[PDB]
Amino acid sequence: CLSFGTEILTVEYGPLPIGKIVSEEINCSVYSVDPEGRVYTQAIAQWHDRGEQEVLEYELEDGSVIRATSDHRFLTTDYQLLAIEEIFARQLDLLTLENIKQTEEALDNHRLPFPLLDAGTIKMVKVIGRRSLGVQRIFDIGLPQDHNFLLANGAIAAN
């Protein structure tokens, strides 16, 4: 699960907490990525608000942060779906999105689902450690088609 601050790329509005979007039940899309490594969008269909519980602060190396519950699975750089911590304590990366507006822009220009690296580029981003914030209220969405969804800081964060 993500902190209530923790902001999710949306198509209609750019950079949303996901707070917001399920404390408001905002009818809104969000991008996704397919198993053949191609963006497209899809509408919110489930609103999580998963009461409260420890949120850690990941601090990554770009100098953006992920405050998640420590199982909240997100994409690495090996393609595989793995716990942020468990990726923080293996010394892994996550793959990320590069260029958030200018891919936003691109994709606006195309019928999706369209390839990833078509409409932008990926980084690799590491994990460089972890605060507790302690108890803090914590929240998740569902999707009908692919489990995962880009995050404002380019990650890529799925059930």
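Heads up, when I say rigid core I mean the largest set of C-alphas that superpose within 1.5 Å between the two forms. Residue numbers count along the first chain shown, from 1. First, how it differs from the form deposited in another entry.
- When the two forms are overlaid on the rigid core, CA displacement between the two forms of 2 Å or more is confined, within 91, 109, 46, 132, to 109.
- Put the two forms on the same core and the Cα of residue 56 is off by less than 2 Å between the two forms.
- Residue 119 shows a C-alpha shift of 2 Å or greater between the two forms [criterion: core-superposed Cα displacement of 2 Å].
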Contents of the next structure:
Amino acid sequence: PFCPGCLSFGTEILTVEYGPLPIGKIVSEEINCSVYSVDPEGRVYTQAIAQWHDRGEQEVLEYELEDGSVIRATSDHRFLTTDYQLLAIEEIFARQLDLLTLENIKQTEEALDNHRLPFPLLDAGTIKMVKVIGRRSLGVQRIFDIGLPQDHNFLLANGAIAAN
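Show the same protein again, this time as the form deposited in another entry rather than the form deposited in one PDB entry.
Left out here are the partners and the other molecules; the chain alone remains.
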């Protein structure tokens, strides 16, 4: 079936235990690990993955942000905006809204202080508000997703917060 919010194989999730890892690998090997997620209150916390989804193949597009980072996902994949809405990346692009991202993130395990979590996202690190400046199709590619016990969202290695 068509997956509204899926990511490319190579999309790196910032895992707590292992650092940046492609979602394709996490799903292919059903890797048990934790991700950094945001709760309804706006706090970042660690969450263990509950399910792994290989959704087959579908069009994947590369969205480029103002800071040069890229997001390779389905057009309806939601991301956290600066005004704290979870909107489709294509919508964020069409409306020229800003994605709420962290920048200068350590690309290793325990990128954030596990001891201090939960902690407010806007105070967890250097916040970088960026718009989507372009989109280009990558054609039909493999797509993935993961399931979480509480909130279905997680921090990507590039600082963006993917929200299914």
